[PDB]
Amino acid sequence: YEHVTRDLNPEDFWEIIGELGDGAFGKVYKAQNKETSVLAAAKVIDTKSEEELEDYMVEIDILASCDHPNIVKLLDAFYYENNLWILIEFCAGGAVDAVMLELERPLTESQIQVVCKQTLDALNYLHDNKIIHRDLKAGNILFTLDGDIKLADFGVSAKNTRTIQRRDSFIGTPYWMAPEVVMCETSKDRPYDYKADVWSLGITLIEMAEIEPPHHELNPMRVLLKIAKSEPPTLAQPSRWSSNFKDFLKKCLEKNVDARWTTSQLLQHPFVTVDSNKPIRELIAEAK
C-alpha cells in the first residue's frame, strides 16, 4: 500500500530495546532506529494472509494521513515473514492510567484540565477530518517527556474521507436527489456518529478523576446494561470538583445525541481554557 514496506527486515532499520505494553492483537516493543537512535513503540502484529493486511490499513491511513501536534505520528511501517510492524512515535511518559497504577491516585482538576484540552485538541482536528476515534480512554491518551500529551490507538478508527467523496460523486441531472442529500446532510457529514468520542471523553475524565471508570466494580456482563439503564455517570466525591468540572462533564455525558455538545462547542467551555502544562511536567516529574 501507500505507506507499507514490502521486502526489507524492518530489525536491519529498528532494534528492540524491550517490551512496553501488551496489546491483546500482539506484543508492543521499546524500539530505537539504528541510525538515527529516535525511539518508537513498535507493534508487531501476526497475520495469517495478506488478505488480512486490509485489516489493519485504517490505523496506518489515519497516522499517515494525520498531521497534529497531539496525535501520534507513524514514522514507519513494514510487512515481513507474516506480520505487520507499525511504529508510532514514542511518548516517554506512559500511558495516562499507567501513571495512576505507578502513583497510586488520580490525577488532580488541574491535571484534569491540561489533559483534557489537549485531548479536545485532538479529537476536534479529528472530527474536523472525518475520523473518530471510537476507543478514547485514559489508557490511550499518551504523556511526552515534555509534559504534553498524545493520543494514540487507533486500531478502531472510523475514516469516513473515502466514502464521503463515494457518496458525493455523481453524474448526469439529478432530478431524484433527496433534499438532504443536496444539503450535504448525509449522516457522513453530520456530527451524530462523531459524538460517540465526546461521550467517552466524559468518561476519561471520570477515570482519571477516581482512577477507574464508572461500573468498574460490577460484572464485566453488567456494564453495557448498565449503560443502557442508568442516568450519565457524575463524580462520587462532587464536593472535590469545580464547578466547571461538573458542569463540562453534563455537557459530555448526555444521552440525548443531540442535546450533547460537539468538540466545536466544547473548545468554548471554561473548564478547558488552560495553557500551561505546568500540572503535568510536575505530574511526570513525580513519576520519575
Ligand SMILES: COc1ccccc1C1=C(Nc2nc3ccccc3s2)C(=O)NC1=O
The other form holds:
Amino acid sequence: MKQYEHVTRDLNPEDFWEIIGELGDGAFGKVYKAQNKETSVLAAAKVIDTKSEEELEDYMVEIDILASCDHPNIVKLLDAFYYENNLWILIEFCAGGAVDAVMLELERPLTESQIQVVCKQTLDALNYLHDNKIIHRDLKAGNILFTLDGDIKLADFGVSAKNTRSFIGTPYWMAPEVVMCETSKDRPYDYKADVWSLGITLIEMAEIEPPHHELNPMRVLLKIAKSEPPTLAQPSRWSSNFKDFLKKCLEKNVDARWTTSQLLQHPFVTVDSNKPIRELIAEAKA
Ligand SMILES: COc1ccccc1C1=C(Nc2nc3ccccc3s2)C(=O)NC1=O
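Can you give me the structure for the form solved in complex with the ligand, which would complement the form deposited without the ligand we have just seen?
Shown next: the complete complex, the earlier chain at its head.
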C-alpha cells in the first residue's frame, strides 16, 4: 500500500515501453533495451523479480538515488513500475556502451589521453555523489558508459547507498557532533572507498584487466588486504601525472587517501576537451 514517489503501481510497463533488445545480464537479472512507445526515447530497463513488499523497499534505494541525482555524468531515472511481481527501472540509455566492453571489442586498452577524459568526468560524477552523501560502491569500467557525443555517464547504482540513511530525550549530555548530526558516516572516510575503486578502474582502463585478475576471487581479497597497493605494470609508458594521481587514490591509509575534492585539483584531470573519446567512438563506427 506504500505509495512511492517515482514508482507506478498496477500499470503494465510494456504499455509504455517496448523491449527492443537486450543489453546484458547481471546480479539483478537481464537488462533490456527499451523504447518509449510515444516518445521513442531509449532506455535501459532493469526488470527485478520482487515477491514481497519488503524486497520492493530494498530495491527502492537505487530508484531514490537515481531520482535525486541531477548531474550530466550520472544516468537519470526515466520511469519505474511495479507490476506482476517485477520492479521495472527505466534508466537513461548511453548508446556508446560500457567502457570495458569497448576495450574487449577493440582488444586493446584506452590510451592515456582517453583515460584522462574518463577520469575527469567520472571524478566529476563521484564528487557530486559524495557531496550528496551517496557512495556508488561498485565503480569499475563496466559501470562507466560512453555517450555518442564522447562523454561518459556513471551507471548501475544497484548497490549504492545514501550513507547517512522518535523521542529526543533530555539533551544536556549530548556531544556537539551528535547535535549537529556529524556522525562517522557523514565524514569523508567511507566515501573514500569509491576513490580507491576509481584508482583500480584507471589501471583497468590502462591494462584492460584490473590488478589481480589472474587470481581466484578469494585470493584476491587476501591480496588486497595484505599487499602494497597496485601500480601500472609498464610505468614508463605513462606520465608522472597519471602515476601520481593513482598514488593518491591507491593509498591504503584512508586518512591519507585523497577526497574527490582534492583529486579535482590534481594536474592529471586538468582537461577541457573530450576529443580523445570522440575520436575513440568515431573510428569505431567506421
Ligand atoms: C553499465 O550500465 C548498466 C548496468 C546495469 C544496468 C543498466 C545499465 C545501463 C546501460 N548499459 C548497459 N547495461 C548493461 C547491463 C548488463 C551488462 C552490460 C550492460 S551495458 C545504459 O545504457 N543505461 C544504463 O543505466
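Take the two forms, find the largest set of C-alpha atoms that superpose within 1.5 Å, and that set is the rigid core. Residue numbers count along the first chain shown, from 1.
Superpose on the rigid core, then report which one of 98, 211, 181, 196 has a CA displacement of at least 2 angstroms between the two forms.
Spelled out, the residue whose C-alpha shifts by 2 Å or more is 181.
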